[PDB]
Structures are given as C-alpha cells and as structure tokens.
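Single chain ahead, written as structure tokens, the form deposited without the partner chain.
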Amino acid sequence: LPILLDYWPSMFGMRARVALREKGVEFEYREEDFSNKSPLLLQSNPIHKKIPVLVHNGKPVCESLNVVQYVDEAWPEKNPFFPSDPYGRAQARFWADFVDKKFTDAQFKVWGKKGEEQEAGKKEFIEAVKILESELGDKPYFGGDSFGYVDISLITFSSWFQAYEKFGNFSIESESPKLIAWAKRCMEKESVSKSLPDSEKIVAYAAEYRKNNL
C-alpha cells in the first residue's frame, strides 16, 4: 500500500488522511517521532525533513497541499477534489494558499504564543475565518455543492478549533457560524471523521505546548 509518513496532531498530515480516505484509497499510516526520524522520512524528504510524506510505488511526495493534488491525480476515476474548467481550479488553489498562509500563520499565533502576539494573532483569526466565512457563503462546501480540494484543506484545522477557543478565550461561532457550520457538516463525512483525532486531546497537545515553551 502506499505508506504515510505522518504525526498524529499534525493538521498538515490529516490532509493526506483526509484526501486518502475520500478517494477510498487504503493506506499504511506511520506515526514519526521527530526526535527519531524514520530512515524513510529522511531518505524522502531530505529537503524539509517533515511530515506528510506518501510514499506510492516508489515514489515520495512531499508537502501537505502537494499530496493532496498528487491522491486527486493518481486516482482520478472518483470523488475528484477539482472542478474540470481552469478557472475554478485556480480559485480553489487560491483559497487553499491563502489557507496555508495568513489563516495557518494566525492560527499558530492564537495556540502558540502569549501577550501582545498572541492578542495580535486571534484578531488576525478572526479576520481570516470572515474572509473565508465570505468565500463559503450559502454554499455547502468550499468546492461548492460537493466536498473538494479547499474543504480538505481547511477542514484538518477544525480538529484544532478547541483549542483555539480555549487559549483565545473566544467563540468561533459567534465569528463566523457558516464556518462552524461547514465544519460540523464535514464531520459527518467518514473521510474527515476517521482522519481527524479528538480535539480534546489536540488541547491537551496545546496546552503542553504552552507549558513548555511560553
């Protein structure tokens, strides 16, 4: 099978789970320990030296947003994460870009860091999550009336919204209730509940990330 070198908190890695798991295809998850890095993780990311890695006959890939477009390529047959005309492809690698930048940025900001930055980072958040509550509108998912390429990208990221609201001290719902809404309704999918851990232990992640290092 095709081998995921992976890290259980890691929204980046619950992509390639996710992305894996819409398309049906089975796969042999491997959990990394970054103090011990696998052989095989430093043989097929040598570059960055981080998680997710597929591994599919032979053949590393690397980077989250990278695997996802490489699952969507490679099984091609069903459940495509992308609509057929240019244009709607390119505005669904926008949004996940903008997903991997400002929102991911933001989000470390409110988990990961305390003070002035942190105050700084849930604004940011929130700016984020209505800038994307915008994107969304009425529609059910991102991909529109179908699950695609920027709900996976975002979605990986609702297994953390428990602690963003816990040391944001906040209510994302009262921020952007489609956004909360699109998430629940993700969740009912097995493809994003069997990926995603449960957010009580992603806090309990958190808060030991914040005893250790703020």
Contents of the next structure:
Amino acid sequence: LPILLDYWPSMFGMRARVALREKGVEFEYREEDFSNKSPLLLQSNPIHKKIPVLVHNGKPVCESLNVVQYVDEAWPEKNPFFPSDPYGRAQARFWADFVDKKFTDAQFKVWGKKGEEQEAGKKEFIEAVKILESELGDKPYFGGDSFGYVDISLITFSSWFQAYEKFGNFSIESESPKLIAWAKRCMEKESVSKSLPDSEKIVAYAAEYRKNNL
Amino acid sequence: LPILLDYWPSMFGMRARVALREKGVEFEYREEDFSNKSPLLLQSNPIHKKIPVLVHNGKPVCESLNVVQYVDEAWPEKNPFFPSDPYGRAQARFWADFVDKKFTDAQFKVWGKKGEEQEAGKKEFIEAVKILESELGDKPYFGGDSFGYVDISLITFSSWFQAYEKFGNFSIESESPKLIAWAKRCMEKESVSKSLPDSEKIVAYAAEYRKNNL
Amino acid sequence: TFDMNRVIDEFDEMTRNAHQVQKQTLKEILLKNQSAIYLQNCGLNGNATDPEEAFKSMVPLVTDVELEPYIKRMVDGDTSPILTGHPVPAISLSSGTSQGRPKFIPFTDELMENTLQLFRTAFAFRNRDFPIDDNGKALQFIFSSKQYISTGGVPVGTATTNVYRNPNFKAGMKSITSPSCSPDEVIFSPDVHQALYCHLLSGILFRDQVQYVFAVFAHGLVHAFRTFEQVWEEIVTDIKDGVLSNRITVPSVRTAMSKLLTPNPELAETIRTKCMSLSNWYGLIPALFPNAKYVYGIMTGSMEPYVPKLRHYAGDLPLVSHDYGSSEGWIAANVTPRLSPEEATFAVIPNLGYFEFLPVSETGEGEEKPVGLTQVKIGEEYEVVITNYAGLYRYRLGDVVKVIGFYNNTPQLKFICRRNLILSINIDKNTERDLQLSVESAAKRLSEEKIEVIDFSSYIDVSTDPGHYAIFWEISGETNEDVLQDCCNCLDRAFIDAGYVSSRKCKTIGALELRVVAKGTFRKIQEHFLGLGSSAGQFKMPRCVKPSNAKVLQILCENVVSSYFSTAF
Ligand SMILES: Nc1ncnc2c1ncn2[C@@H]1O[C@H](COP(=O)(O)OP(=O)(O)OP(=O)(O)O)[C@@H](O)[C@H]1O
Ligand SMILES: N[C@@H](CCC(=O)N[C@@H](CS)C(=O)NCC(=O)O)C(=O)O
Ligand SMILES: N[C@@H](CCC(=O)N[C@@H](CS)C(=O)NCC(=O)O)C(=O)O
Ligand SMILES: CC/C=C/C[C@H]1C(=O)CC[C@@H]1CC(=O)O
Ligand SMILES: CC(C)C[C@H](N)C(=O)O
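Show the form solved in complex with the partner chain, please, because up to now only the form deposited without the partner chain has appeared in this conversation.
Full complex below, order starting with the chain above.
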C-alpha cells in the first residue's frame, strides 16, 4: 500500500493525488504538520523536507512531477498520460516545466503579496493563462488525446482560482475563459474530484497567509 | 542534419553537445548572437529565446534537460543514458534538476557575484559539492553503468570548474577530489573532449562579463 | 365569506349532487366554451336536449402531441385563442413528456376561483379537525417569486406564480389562512434560497402565533429541515446582531429584513442550548413550533419516502395530506384530513371539471371504454381523463387511480407512487445524459464551495437573434459569480455533440445563458405536479424547454439570482 505524505492545500500534493487516483491505485493519505515534519518524511527528504511523497517498496518517491511520472512508470498497462511519440512527450514535459515556473510564482504573487508586487504578478498570470489558452487551442486536455500528464500538472491550480479571483479582485475568465472552462471540465475526473479540498478553505488559507504577513 | 541553435560559453549548450556526440549522431552547430538572433531561433524559441534549441525533422525542442531526454528518446538504439527501472530514472531526474537549481544557483553566485553573496555562494557550492560526493563514492559515472543522464547535466560545469576555483578562491580538488577527477574521466571521452570548449575561453569571458556589467 | 358550517353543508350538497354538477359542469363548460375549433372537428354546436351523450360520442381522445402544437400557436406571437373560451392569461407544462419534449396546458381565471373555493372548503374540514386561532400566523415555505413574459408578449405561468401574484390572491386567501409570517417581498424575492432562508426565519418570526407549518410538499419540508441542520448557527449569529449575514445580497429583501433587524444577544443563548439538545434533529417541527396542530402537504406516493424523515422531524405531530388537483384540473379535496398518510384518501370535487376514467381491466393496456365518475367500480383502478376550463377535453393525463370508497355520493380515491411512464425521443436533447453531464460538470466548481446541484433545467429562446440555450440551476446556497460564469462555460463545454460546435462557434444560435435561480424552483414544479391531482404519475421533470414547456419556465427568469452570457468565445 502506497503511502503518501501530503498537505491539504498542496497544489503539488494534489499533483500527486490526482496522478495516482487517475491511474487506479488504492493508496493512503497522511496529512502533515510542517511544524512537525514526519519521521518517515524526514527520512524521505531530510533536507528539502518537502512533499508530495509517495512511498513504494519502502522507497520514497519525491517532487510532484517526478511523482506523477512515477505514477506512469509504476503501473504501465492501463492509463498512460503521454502519447506514443517522443516528441509529444517532450512537448508535454515542456509545458509541465511551463506550469512550474512563471505561472506558479505569479499566482504565488497574486495571493501571497500586494501592491507593486501584486500587479507585476497579475499581468504575469494573465499572460500565463493566455499563452496557456493559446496552446489549449481545442484539445479536451493537454498531454495526449485524453487525460494527460500536464492535465494533472495544472488542473490542481484551479481550486486556487477562487483565491486569485478575490485577492487580485480580478476575474481570470473574461480575459481567458476556455482555461477555467477546461478546468471544471477536468473536475469530472474522479482523480481530482476526490483529491482536491474545497476552495473556500483554500481561499481562507490564502487569507490566513495574508493576515499573517501585512 | 540536426540544427543546434547554441551559445559556446553555455554549460547547457554543452549538454546538448555531450548527449548528441555521445550517441554518434551528426549535427550542425549554429552560434547564436543574442543581439541579433537568427530567424530560425525566434520561430524555434518564441517564448524564452534560450539556447540551445535543436530542430529535428522540422520540430523544435527547447531547454536543457529536455533536449538531452529527447536525444536519448529519439535515438534509443545504441547507448542509453537512463536505467531500465523507473525508480533509478527517478533518482537521475531528481539529481539532474538538483544540479540545475541549487548547485547552479550557488554556481551563479560563484562566477557572477561579489562580496557576502559570493561568500554565501561559496559556502553553498562546496557543500552541494560534498553532497554530490555523498551520492557518489568510488565510480566513473552517474546516469547508467557508463556515461549517463546526470553526468550529462553536470559534466558541462566542469568547463566552468576552472572559473570556480578561480573566482571562488577554493580548492574543489582538495575538498572534493572526487568530483573533479570524475570530470577528467568524462574528459577522457570525445563527447566531453570535443563538446567542452577550452576552459580558458569561458574563463576569460566570465571575467570580461564581470568587468562589463553592474 | 368563509364560514365552516355553511361551506361544509354546501359541499355536502355538492357531493350528493355530484352527478348533477358533473353534468351541469359539462353543459356549462361547453356553453361557455362552445366555439373551440376541435369542436368543429367533431361537429358540436352546443345545448339541445341531447348534449351530454353527443359530447362523448363526437369528442375523441387526445394525446400531448395533438395538444402541444395547437396551444403552441396560442403563446408565441400569435396571441390567437384555441380551445376553451378566450385567449389565455397563462401558459403551462406537464411532468413526463410529449414524446420526450414539452407539453402545454392553458390557464384561466376560473382556475383561480377553483383554487379559492377549494382551499376555503379544505381549510374548513381541517380547521374543523384542527381548530385555529384566527389571530395567529403560520410557517409557509411558499413562493411566487418569478414572472416573465413570453416571446409573443403573453405571460407564461406556474400554479404558484399565477395564484400568488393574482390580483385576487391576497383578499381571497386572507379569510381562510393564517397570515404568512414573511413579507410579500420575501415570498416574491429575486433570491429564493436566501428568501427561503428568510422564510425559515419568517415562520420562525411568529412562532407562538404559528398554527401550522405548511409546504406544498414533504420533500420541500425535509429540504427545509435538513437545511436547518445546516444553518442554525448562522441564523443565530445573523438575527442576534441585528445584521443579516453578508450572504444576503438582493436589495429589496435586504430592505425588508433591515426593517426587521436590531441587536439582541439574549435569544442566541436560548437557541444554542435548545438546538444542541436535539437528538439527530428528531421532532424538529414540534421543537420549533410546539403548538402547530399539523404539518400540511401531500404525503403520499412519491413524497411518501420523504414523509418519515419529515415524521422524524415532525415527531409525533400528524402529517396532514393535502388535496388532489390542479390547473390541468382539480379533482379532489381531503374531507377527512386527520387520516394517516398510509390510509389517506381524497374525495373528488365535481364542479371544477367534467372527468372520465379509462378502465385498465383486461391485461395491458385494457382497451375498455370509459365510465362515469360515480359509475366507477369500487376497488378497481382507472386512468383519469380530463374535460375542463384548463384547455383539456377528455384529455389523457396518463395516470392511475384507485377507488377506496364513496364519501356519501362522491368517490374516495387512493394513489401509490409517482411514475406515469412511457417515454419517447425528445428534440430538446443533447440527451438527458449529456445535459446531465453539463450540470454535473459545471457543478464541481460549485462543489469547492461545499455545494451540490439539487436540480436543473434549460430553455430555447427563439425571440432573440441569435437564439440561445438558457440553463437553469437550483442549488443549496449562495456564491460568487466568477464560478457561475465559469459554470456556464462548462455546460457549453459539456454538451459533447458536434452540432453544438458549429452553431455556438458560428453563433447562428447565440451564447448559452446560465440564469442561476435559487431554492425550491424545481421543488415548486414537483409541488405543482404531484398536486396535479389526476395522477399517480407526476414526478418526472422535463429537462430542456421547447417553446412549449412552461411550468419550469415561469419560475425561470426574474428569480435568476445572477444571470450570465458566456464571456468565453
Ligand atoms: N394544483 C395546484 N396548485 C396551485 N395552484 C393551482 C393548482 N391548480 C390550479 N391552480 C391555479 O391555477 C393557477 C395558475 O396556474 P396556471 O394555470 O396559471 O399555470 P399554468 O401554467 O398556466 O397551468 P398549470 O399550472 O396547470 O401547469 C394557479 O395560479 C393556481 O392558482
Ligand atoms: N516547485 C516545487 C514545489 C515545492 C514547494 O514549493 N514546496 C513547499 C510546499 S508548496 C514546501 O514543501 N515548503 C516546505 C515547508 O514550508 O515546510 C515542485 O517541483 O514541487
Ligand atoms: N532555459 C535555458 C537556459 C539557457 C540560458 O540561460 N541561456 C543564457 C545565454 S548565456 C541566457 O538566457 N541569458 C539570458 C539573456 O540573454 O537574457 C536552458 O534550459 O537551456
Ligand atoms: C388550492 C390552493 C393550492 C393548491 C394546492 C396545493 C397546496 O397548496 C398543497 C398541495 C397542493 C398541491 C395541489 O393539490 O395542487
Ligand atoms: C402551493 C401551490 C401554488 C404549489 C403548486 N402545486 C405549484 O408548485 O405549482
């Protein structure tokens, strides 16, 4: 039984849970007090001390995207996230690397910081969701003709979309609708419809974060 | 012929070279001017314009580890960079990204800064040098039983080792004989013997860089 | 003027002249309504000394497909009248479908007279068994918060909506009911779930004055009381400070409640103790109003499964079954309302229409010709056939009844279940599944708010250029727009089929409009339907509105808490 070290609002912990539940594993979730990082966690990554951590054969598997391809390679018979070709693989990896850089830091800016920091992040994330909307083009998903690699990668950001809508006092949807549009599409998968906690609470954690650091 | 849009001083150019040359594939190298970027380069790399980008069969592949992985995946018939096991691959990707971020960030602090941050970078690079040493022991490579994927990502910094001993004022040989000697073994191969440009050139450039930009 | 004794004796007379009034109702409906064009089809002219026999010999049976086009021409820009007397003041729908697609039935003022006299009579019998204080109040989970106007400029309305907004609603109902506790503005609020929330609050407002707790439906009641379990601490915080929860947004409702809001920390103390003391919320309704004589509504058939949970909430208080009839036609009222839900029956009122019954006896279907209402055989089951002021003449609603016995000269009828089902291929689909995909797909973004979609519907607007699908939701709670706008996009994105792709992209028929409505809309529809009174089968809701469909339609547009045209595309 796969043991996962997770965090209720971890977008990355959610990358793990979404990946695993998308595949077909029954697994156990353990919630972390990062104030007190677990004995098994502090043995899984004694330096980052960071999650998600899927534990298999007694071998800690770490980092979110690392973990989801771990998901591919651990049960390679039923639900592949990549298509057959190497190029398509490189494109999906390409875009997961996209998900991970200016996109994450920009959202981190929109709910985590304010003022001069804020608007930089706000145009960054609208720029992000726009290049995004452009590459979505038409596809149900992203990483293949079906539920994909990076589907898992960026779907889990759409419960924080509420947080972003409110602190940014924006609405990331009249500027780029097909994206959020794609998101509540991807919500029908049982992988994300049971792995991801509620947004009002996620919005509140962003609010606890904010109220702490003003 | 494969098209490499590259920069000769870049370590990451060199990994494209090491992976491509390690294989046996014949390619055309294109030296890129950031002041006057090639037409092919804007089209190949619209979003970030960062070298190297390999054009193959009219499809572009960009970024560092991704080009290497594409190269390994595009030509799986000869010398494989990764292990057959998912988990071993797992370790490799973890270590490759490891070299690219923390080792590399401290790395930029080595050749690219002055003062207390330089001092910080120096603390950081010798330590991560020690942990690179920790993962290793008494062996030739990284990614596989021969020249491997993580060797690919990290060996390119060996051209820059002369600059780090130089600007770092530190003994990587004395504290970590293992990493450097690992570098010189990889240097025995034409893959690194012909992909790593004279360290004198990059080492001169870095100083010239220092002089020129505040 | 409502008097218990005269109305009951009069009704008794009516019950014993049941045969006469049925006849007289047929002669009078035909005189009043003689010129209808299908009547030319049969050859009728009216009156003479052979009227009743001639009516049955000449007038054939009709289905939904035969009735839908005709009164379709009545509603949409052709304000032209068709089958009873004049053009109609309102427009309706039937549960189950006309070949998978919308059904429609006409509305007249007489139905309002039918309502007022029926409730006068029903209230009397029940007040006879459960006498009330005329200076009290009552908890009514009742709405008519919505009126829109059709594409031809003619009002299209539910039974809730046309009664309650009727100019004669207030004065006619004042004498036979305990005054609803909530203001007319809350009842007719653009935000009903919050207004239901204030309706809870409202009956809660005059607890000691409350004589009874009323909802049309028991599922309505269970809905309210489960919701109670949900929101009791929020209500206590809201009413105590004299400031309603910021949840509440619509201005008219905000003004009404603000007229009623001032700080009172005291009662909060009482409520937290009382509500904490309950066991799994058992006997919720007696807990809230210790002195309500009864909980009132239809407790049989489809609602029978909800009645025990309501019993769980009502404690040992009696659940009194409500009467049995509608704007399609009223048939029966409960004249022994103290009867338990398991033994509950309804006695037919014969002045509201001329009704006939198709025998099921043989095997299937039966193919026997129909006998008279009093000519019915006791113990056996028949399908109700309707002739009346509702635009249906010897109409097959498609529904099975049982004869429990005769209340004097009128029959007592009994009903089991909800399903009047034979179904066909719709053209409002986007098959039930795909449309269901659309609701469920759009609903998860509501889910992150801890909300599920309790129900849904859709409408084709050919008034506008380009036309547009309007998707409608009944949901558990209030939330922000950004998600609901996201919603609408998903309903577009969920309709899997290609046809949708060419037009919505090409815009030959316009952007889907997600008009989000509040609580009980689809409940009122079910309320309407099992309360249709011809029927054991009335629970199946039409999912997508053709120009024909009108029940769900009435409650649809103004009650839209928030409405959106996709900012997608
Ligand atoms: N069962 C019933 N419940 C409530 N009101 C009824 C009922 N039957 C008849 N009515 C009277 O009929 C009046 C209006 O209903 P109305 O006929 O306008 O709706 P309709 O849509 O045009 O027809 P329908 O209700 O049968 O589908 C309602 O306002 C109500 O007063
Ligand atoms: N980009 C990283 C995300 C890592 C990250 O940002 N981790 C945070 C949680 S979101 C963390 O673990 N912080 C450790 C702590 O605060 O204790 C990845 O590839 O997953
Ligand atoms: N993302 C690239 C990084 C390449 C890179 O850093 N290239 C250098 C050229 S020396 C650069 O971008 N300099 C930044 C600039 O010119 O603005 C990769 O993975 O290869
Ligand atoms: C006569 C006034 C209202 C109509 C009757 C309705 C109620 O108010 C409770 C149930 C009943 C449903 C039904 O018989 O149509
Ligand atoms: C009380 C009634 C007006 C409810 C009605 N049966 C309807 O929902 O149409």
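Here the rigid core means the biggest group of C-alpha atoms that line up within 1.5 Å when the two forms are laid on top of each other. Positions refer to the first chain, counted from 1.
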With the two forms superposed on the core, which of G112, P80, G144, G88 shows a CA shift of 2 angstroms or more between the two forms?
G144
